[PDB]
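K.L.:
Keeping the supplied structure of chain A fixed, place chains B, C, D, E, F, G, H, I and J with the ligands upon it in accordance with the hints.
Chain by chain, the residues:
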Amino acid sequence: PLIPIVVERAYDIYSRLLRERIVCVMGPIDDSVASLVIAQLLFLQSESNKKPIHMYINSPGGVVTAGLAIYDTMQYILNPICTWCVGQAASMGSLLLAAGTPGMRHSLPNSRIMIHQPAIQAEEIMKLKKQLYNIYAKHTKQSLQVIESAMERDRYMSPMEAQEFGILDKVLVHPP
Amino acid sequence: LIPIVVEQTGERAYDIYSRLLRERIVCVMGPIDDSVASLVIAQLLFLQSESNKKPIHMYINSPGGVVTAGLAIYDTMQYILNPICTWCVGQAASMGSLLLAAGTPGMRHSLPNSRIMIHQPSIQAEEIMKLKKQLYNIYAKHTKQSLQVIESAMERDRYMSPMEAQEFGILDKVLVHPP
Amino acid sequence: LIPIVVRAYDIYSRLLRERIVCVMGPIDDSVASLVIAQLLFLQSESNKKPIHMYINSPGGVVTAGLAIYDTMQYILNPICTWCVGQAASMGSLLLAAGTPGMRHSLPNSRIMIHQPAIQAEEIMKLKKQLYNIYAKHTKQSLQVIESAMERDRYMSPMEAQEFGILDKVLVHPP
Amino acid sequence: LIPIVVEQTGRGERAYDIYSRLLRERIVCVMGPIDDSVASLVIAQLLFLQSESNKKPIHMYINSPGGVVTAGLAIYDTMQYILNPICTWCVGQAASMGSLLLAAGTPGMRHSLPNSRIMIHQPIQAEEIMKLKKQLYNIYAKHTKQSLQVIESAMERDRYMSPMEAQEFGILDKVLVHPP
Amino acid sequence: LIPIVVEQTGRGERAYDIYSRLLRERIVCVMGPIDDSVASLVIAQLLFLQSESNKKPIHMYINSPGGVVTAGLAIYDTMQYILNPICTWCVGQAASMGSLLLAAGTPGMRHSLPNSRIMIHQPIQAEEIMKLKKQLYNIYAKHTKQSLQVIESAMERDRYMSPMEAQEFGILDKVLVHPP
Amino acid sequence: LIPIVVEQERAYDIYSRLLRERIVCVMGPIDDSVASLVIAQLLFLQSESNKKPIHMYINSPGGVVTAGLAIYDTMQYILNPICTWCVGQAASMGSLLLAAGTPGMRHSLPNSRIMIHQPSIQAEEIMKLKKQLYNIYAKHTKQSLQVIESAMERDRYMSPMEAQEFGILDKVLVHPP
Amino acid sequence: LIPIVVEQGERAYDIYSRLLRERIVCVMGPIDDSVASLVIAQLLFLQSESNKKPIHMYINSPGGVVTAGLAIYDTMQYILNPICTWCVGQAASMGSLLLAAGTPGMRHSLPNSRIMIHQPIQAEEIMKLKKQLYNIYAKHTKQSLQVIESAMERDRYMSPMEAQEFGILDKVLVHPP
Amino acid sequence: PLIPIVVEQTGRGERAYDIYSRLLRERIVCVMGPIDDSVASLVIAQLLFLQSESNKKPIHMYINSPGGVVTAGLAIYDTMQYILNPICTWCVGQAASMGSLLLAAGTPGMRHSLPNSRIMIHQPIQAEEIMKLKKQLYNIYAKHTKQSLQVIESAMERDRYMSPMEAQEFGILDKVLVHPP
Amino acid sequence: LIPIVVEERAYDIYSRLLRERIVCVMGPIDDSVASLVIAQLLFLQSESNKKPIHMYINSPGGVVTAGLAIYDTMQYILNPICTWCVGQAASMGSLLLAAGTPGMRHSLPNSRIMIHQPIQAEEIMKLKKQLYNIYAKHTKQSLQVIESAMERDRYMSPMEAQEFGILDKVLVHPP
Amino acid sequence: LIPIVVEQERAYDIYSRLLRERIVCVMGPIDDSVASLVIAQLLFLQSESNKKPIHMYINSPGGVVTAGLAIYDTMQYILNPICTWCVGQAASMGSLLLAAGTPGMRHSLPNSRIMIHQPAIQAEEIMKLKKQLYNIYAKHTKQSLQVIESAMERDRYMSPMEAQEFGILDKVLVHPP
Ligand SMILES: O=C(NCc1ccc(Br)cc1)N1CCN(Cc2cc(F)cc(F)c2)CC1
Ligand SMILES: O=C(NCc1ccc(Br)cc1)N1CCN(Cc2cc(F)cc(F)c2)CC1
Ligand SMILES: O=C(NCc1ccc(Br)cc1)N1CCN(Cc2cc(F)cc(F)c2)CC1
Ligand SMILES: O=C(NCc1ccc(Br)cc1)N1CCN(Cc2cc(F)cc(F)c2)CC1
Ligand SMILES: O=C(NCc1ccc(Br)cc1)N1CCN(Cc2cc(F)cc(F)c2)CC1
Ligand SMILES: O=C(NCc1ccc(Br)cc1)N1CCN(Cc2cc(F)cc(F)c2)CC1
Ligand SMILES: O=C(NCc1ccc(Br)cc1)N1CCN(Cc2cc(F)cc(F)c2)CC1
Ligand SMILES: O=C(NCc1ccc(Br)cc1)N1CCN(Cc2cc(F)cc(F)c2)CC1
Ligand SMILES: O=C(NCc1ccc(Br)cc1)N1CCN(Cc2cc(F)cc(F)c2)CC1
Ligand SMILES: O=C(NCc1ccc(Br)cc1)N1CCN(Cc2cc(F)cc(F)c2)CC1
Ligand SMILES: [Mg+2]
Ligand SMILES: [Mg+2]
Ligand SMILES: [Mg+2]
Ligand SMILES: [Mg+2]
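Residue numbers (UniProt numbering), protein chains in the order written: chain A, 57 to 64, 71 to 180, 192 to 249; chain B, 58 to 66, 69 to 181, 193 to 249; chain C, 58 to 63, 71 to 180, 192 to 249; chain D, 58 to 180, 193 to 249; chain E, 58 to 180, 193 to 249; chain F, 58 to 65, 70 to 181, 193 to 249; chain G, 58 to 65, 69 to 180, 193 to 249; chain H, 57 to 180, 193 to 249; chain I, 58 to 64, 70 to 180, 193 to 249; chain J, 58 to 65, 70 to 180, 192 to 249.
Don't take every hint at face value.
Chain J side only, calculated, beta carbon under 10 Å to chain I, not exhaustive [claimed, not checked]:
1) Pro60
2) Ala72
3) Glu82
4) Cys86
5) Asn120
6) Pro122
7) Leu170
8) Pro248
Label-pair restraints from in silico Cβ distances [to be verified]:
9) A:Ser108 with F:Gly149: 55 to 61 Å
10) F:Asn172 with J:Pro90: 48 to 54 Å
11) H:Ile59 with I:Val244: 36 to 42 Å
12) C:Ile193 with E:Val63: 58 to 64 Å
I should point out that these hints are in silico values taken from the structure, not numbers from a laboratory.
All C-beta atoms, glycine included, are put in the ideal place defined by N, C-alpha and C.
Just chain A, with the same shape it has in the complex:
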């Protein structure tokens, strides 16, 4: 994990991407990742409350409450958010992908998307699961019944299938 430095002032390359309003959600989501992503989103809003923010997602998912913290922050800030699926968006990753601004949810052609979810009481685990159903229903425009049925299936969707389902808007090979 040596991070290359680029000259524009010298920045590590992730800090340079942040200057272009790009936030990376790569790898598992936990409280530490959520904290960082939230800090970046709030910083970018203060730099400009109108300019779009790009969120790059390559994630197998992770901790549900951490994912929900990022989701709530995405909705709290005013900015348009362009989400991009590269590699995969599974579990909480696909929720974040779906939560991008309508018209601005993107996937590359070979990505895979999973809405399936591969110590607390049983009732609390179900309450969290219902929160996920409600969020997916809101952003995909599918019924709760369809979301519940689809999330039970242990499978990935192609980008085209995810587009038809309402998780994303555009499948792009290159810019138009």
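P.N.:
What follows is chains B, C, D, E, F, G, H, I and J with the ligands alone, placed relative to chain A:
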């Protein structure tokens, strides 16, 4: 420890990998995982913003690794407009050979003693097969071989020499030195 | 802790400014990557000035060693190789691959051409690549190389000189 | 934690870790076990110091239980390759390859502090192990001026020598309490 | 995490970690176990301080359970080699090699705080272990002014001395609550 | 080391001797291995006599729910009266087994502690199991299911007297009558 | 410690050996080559004692190694004997395949068991194994390949009643008739 | 992995055997799990014991193995050829690598698989030595399958399993059985 | 799990083989294996000082002094010793194979034999010289040939080992 | 796994059979556990006969000095002649035990190696133990303390012939006479 080198601009000190990045060289050395993919993708996108026309060099010495991470790099290579020169040094196996093959036509290179493997050295069963079919389609597109030939070749647990890989359509040039 | 010398450089970076590249310890992909980056950087600083490669290595990963070997042949520069301590397995291949006339050992070094999850056929193909490379740089026949590599032993610098692995055994400069 | 010190130069004030400051005084430390990593660092320092001046003495401080023989021999060969006088100093102990480096200092310039201990005993195929051992015998014979027979016999004994005994043996020249 | 402090210099402000700042005041810390790495660092600091001034006192703070005997002896020999007066201070404890270093301070300049504890008891081949032990007896005899017989008997007892008892024994000179 | 005892002569390890007196021990955490052993013992004792009572000694913090349910189903499958005894504690699945003894034959010693709370696969499946537990506790305690669900949310133990009033057990005994 | 029991001359058996004597074979726990070897040896031994008498297979398993499960399955089909399968606790993955492979009419579950047909080398070989499972489930459940494939994609358990309706088992029993 | 005990009626009364020892009394030898020197030693000891009990009666070898150490597999193979007895081999679950070699080395006509087994002839010191061992395997497979060395070499390069029917056609086994006839 | 066989007396299968005068040297040789092999050889000599003993060898070698302890015991007892190489005999394993009674050293057809060998330096060389002397005695090759051959990191086939003088017969089945 | 042998019938593990022949093995490192066992065997053999020789087989790198001294003292305490045999090696405390056999009855096989060199307590106590070893070697070898001290400093092995000349053993035997 990464050595530091000085470039004349006054003088600026770079670690040697950052200096290579300044020359439009991106390294894909070692196993491919999400962390490596993230770094390679960031570098490719940065280089495109510096110039959407100038070639980018991708050095590949890799046993492969995580398929979805490899596909993320592959999709980024196709997304950016730039010519990409791929170079096989040491080995390109599994996802490494896919990236090698995905360089711009005419600009896929190997050094003379490298070894290339398209075999994948041994989620639900159906999903594993879907990924495998995606690999077949990508190799078919860039090698110009049929799906039948690719499927048969990938079943064989072997490496190809650079000349063999050239004949197969994985690369274009086997170079001892510059022309 | 790496000492700093005086612009302030860590001592390995200072050696690199003097066109010295170190191949100390086991060779793996990470070492190969670093050595290759240094060789290519030094070529861009000057495609004519000699590069010094210091080798103290028990060997390591064959494909990583071959990546360094191919880079040594790719760049135009004269490469002076130096054996200090030992050059075994892939280390001795790199030593032998220096520019003719510029392959050196210190007097107490030891050199080994013996090699102390892939298919049997692929292991043999790699071994044959090593035979061909040693034959080319030592000027010995394939038969002699194959026989010598079977023997689990080190050569002294003088014996390695007679074999064609190196050119000069030096106590001090002339 | 390595303390940082400030030195006054021709270009102003510069901050060095204390080992880097010692290197500026032409002092090279060989403390702890000798392996390829230590040899690499010591060799780089010796070659750097030669380039700063091929005439000025270099001080080598040795407190070592020994270590890897080929790594020790790499340092030894570098000591002989550079032109500079090398003052060796035994502090604490010089055992196995450490005592070889101590003995390899420039004649007249091999030193020990009074309470140091020196060991020439040494605490791949059989033939190759013997070849290395014979190389050590030859090097000790050359620098101590003792016969091969005496060196071989002495190296078999699992013991340390005092600085005075090491002086009489030809490993070092001076046992010093303070400067003259 | 080591706090940073700011000093005013000829060029403006310089930031030192607090141990480096103490070194600028000629204070060398010997806290924790003594091994070759600690000895190397302490020796480098003592030699640096001698080069800054061969007359100004050096303060050595000792809070140590002891450690490696040859490493302790390397520090001891360096303390005797440099010309400078050395004030030793026992804070917390000085046990085994720690108490040897404490006792080796310049006569009149060996100090303890009131609640410290001092141990001269000490918590390779048999002959070599005894030779080292005899070196310790000789050093304690020299600096405490007690006979070899008394030192040998005292070192057999698995116990600590109070600062007052250590003063009476000849290990230290002053037990201080605050400056005079 | 398990001591050996002699019966009038045959030598048994002491647990095997207890088994001869129709005593089955459920001590420690419940997992598939414990369930297998307990089930084998219950079925063996039924074959020796389908009428004679079986004593089940329970000192358990609970454990794997499906393993506990396997024991529970076996207790209901065999015809025999089963006397359950709480010694030390019966928590989580342990208290379910205690409650599942034959009515009138569920016992605790005076200093035992009983917990019906479950100290904290897909979410839906975790809830299905939890609902199965509610139904079983309701059946054997004779409390409405609404009361069971509320009580199981409370992270606490009951004394033997409180567990008796709740319908988990029938008798709190210091010694035999 | 495995308790020892006495059978009537008196002979002392460990309790699992006593069960084997009653023609009961336990498949409790993860299935791997070692478990398969033991189960196969027991089935073949029981066939040699009598090629007509029923054999009882008790299943409490989360599944395990597919080829090991298939070795047991093939042995069940090879021997002539009627095989009564019993689900206690759970039968998941390969466990539910063995349950379903009992003799028609003789596949049983206790009331609180859970059954899963979902399944929690090169890609082509993994798919070939998966297709073998589809074919076996189709044969014993009498469902179509399409229905089996769809059902196996769903990460869920079935109740015993739902498994009965699906064709995995024949009887859900609280006690003997 | 507690091994059940079974009781047999003898001339002197009752004898208790662990179930594997009981199978050995019926001339059944198990090769289950990875093959290493320890497994080879036990299998070899059992084959030689069974030969001494009768040099004519068939021996059954049950194979469920991913393979393992090549020299250990070859030790078992050589023992199978050394004893005079007919050896019936049975593939249950899988026979991969050295496991499939042992399966193929059963007496002609007596090599069996159950219907859902999988067979692999692919194989998932100095380089020259590794090749010498590999050539020994080619020669053994050629002898027992009756295929050419060229066909064996090509087939062993492919990282795949064969079904029992495909293994039958290849010459690795003779019969694929659901139940006895 | 070691199977038990009945002869009534019940023996584990290795103990049954010992009743047939078979001693197994399978796996690495260390002091514990040497102790067991030596005890078995001495026991078999006491049962009969004339009847042959069979030693089965499948070993990568191991501790030199432990191997030499077995070797010395083989020479001490009067009995003919038939050695059998199954799988491999490498390093000390091949020394034991070669030390069988002349005419009674056997290999199965697919075994591999290695005489190459994959404290202070002087003591390591003394042990190595002891091995040279023992191989020279039992193979009838010169010290020079043994030293040269042991330097080569390779295995011999049974036929090559026969020609070298390590063994006498390569057998597919009994005659 | 220790093989079992039959004597004319009683079945012994092979080490117990050797003990029946008055053979005690000291193979492997010497620690308190090994000492305890050897001492028990020596005392048992003395009670069977206080006159018949005992054979001690030594293949040992040495080990704990006080444990070795416990065995040594027991060898001297019992009346019996003790034949010591070096097979493989006798190093450190192993060579002390070898040397402590009855005069005329200390044996080595031809390829054995013997080392008298010794490859938390206070320094003084370590020296006291070392002096005890010097005294014991002097007594049994008949060499002076000065010669023993000098020889023990040398990190080397002796051949059986050299050990014979030194006074550690009496006979180097290829086979019985
Ligand atoms: O201070 C600000 N906004 C101004 C600002 C300016 C520069 C930066 Br950097 C960060 C925030 N806010 C940011 C919003 N925050 C609430 C919050 C917190 C949070 F974790 C998530 C949210 F969506 C929202 C309360 C305080
Ligand atoms: O904003 C830009 N490009 C401009 C730019 C300028 C400087 C830098 Br540094 C990085 C990007 N894009 C780059 C393309 N990106 C989508 C994307 C994301 C991705 F992960 C892979 C892709 F191939 C493409 C969306 C945002
Ligand atoms: O960009 C350059 N050369 C110019 C240059 C200038 C400054 C630096 Br720093 C590095 C390279 N090349 C360097 C050679 N590279 C191919 C290559 C790659 C490689 F890994 C090994 C090789 F021997 C050769 C293709 C691109
Ligand atoms: O370049 C130089 N000398 C000049 C120089 C200037 C500044 C520095 Br920093 C280092 C060396 N040499 C130094 C000697 N080196 C060979 C060598 C290498 C080595 F590892 C040990 C040696 F004793 C000698 C070849 C190159
Ligand atoms: O070079 C010097 N002294 C001058 C000097 C000036 C600045 C610094 Br920083 C260090 C030393 N000496 C320092 C003493 N050293 C011998 C030595 C070494 C040692 F490890 C301990 C000692 F007590 C003494 C020999 C070289
Ligand atoms: O074999 C018998 N009963 C007779 C018997 C006699 C001696 C013994 Br020991 C065990 C059982 N049954 C017992 C009931 N069993 C089904 C069963 C299995 C099970 F795991 C739990 C149950 F509650 C019931 C089927 C076969
Ligand atoms: O020997 C027999 N049957 C007789 C018998 C008698 C007592 C016992 Br115990 C075991 C077997 N057969 C049984 C079937 N076996 C092949 C076999 C092996 C196998 F692993 C699974 C099978 F379904 C079938 C071949 C040998
Ligand atoms: O002693 C016998 N045969 C008789 C016999 C009788 C009962 C038993 Br149990 C074992 C062997 N032989 C058996 C064959 N053996 C050599 C051998 C050893 C071996 F490991 C594999 C082989 F194929 C052959 C030599 C001694
Ligand atoms: O007591 C006997 N022989 C008779 C005998 C009888 C039954 C048994 Br069991 C063991 C030995 N000897 C056996 C040989 N032993 C010396 C010995 C020991 C040894 F470890 C290896 C040897 F080659 C020889 C001396 C005592
Ligand atoms: O009771 C006896 N001897 C009689 C006896 C009879 C049968 C047996 Br078995 C063991 C001892 N003694 C044996 C000697 N023992 C003292 C002893 C103990 C010891 F550990 C070592 C010794 F050298 C001596 C005191 C008790
Ligand atoms: Mg103490
Ligand atoms: Mg709680
Ligand atoms: Mg799942
Ligand atoms: Mg493979």
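K.L.:
Take the hints in turn and mark each one as holding or not.
P.N.:
Right, here's what the structure says about each hint:
With its C-beta approaching chain I no nearer than about 4 Å, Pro60 of chain J sits inside the 10 Å limit, and its interface hint holds. Residue-level restraint check for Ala72 of chain J holds (minimum Cβ-Cβ distance to chain I is 7 Å; threshold 10 Å). A least Cβ separation of about 8 Å between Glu82 of chain J and chain I falls short of the 10 Å threshold, and the interface hint therefore holds. Look at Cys86 of chain J: its Cβ gets to within about 6 Å of chain I, closer than 10 Å, so that hint holds up.
At a threshold of 10 Å, the smallest CB-CB gap from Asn120 of chain J to chain I is about 6 Å, leaving the interface hint in force. At a threshold of 10 Å, the smallest CB-CB gap from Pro122 of chain J to chain I is about 8 Å, leaving the interface hint in force. A cut of 10 Å between beta carbons decides the hint on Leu170 of chain J: the least distance to chain I is about 4 Å, and the hint holds. At about 8 Å, the closest approach between the beta carbon of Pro248 of chain J and any beta carbon in chain I falls short of 10 Å, and the interface hint on this residue holds.
Range check, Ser108 of chain A to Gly149 of chain F: about 60 Å between beta-carbon atoms, so the 55 to 61 Å window is met. A beta carbon spacing of about 51 Å between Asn172 of chain F and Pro90 of chain J agrees with the range 48 to 54 Å that was offered as a hint. The given range of 36 to 42 Å is respected by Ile59 of chain H and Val244 of chain I, whose C-beta atoms sit roughly 39 Å from each other. Look at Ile193 of chain C against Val63 of chain E: about 59 Å separates their beta carbons, and that is inside 58 to 64 Å.
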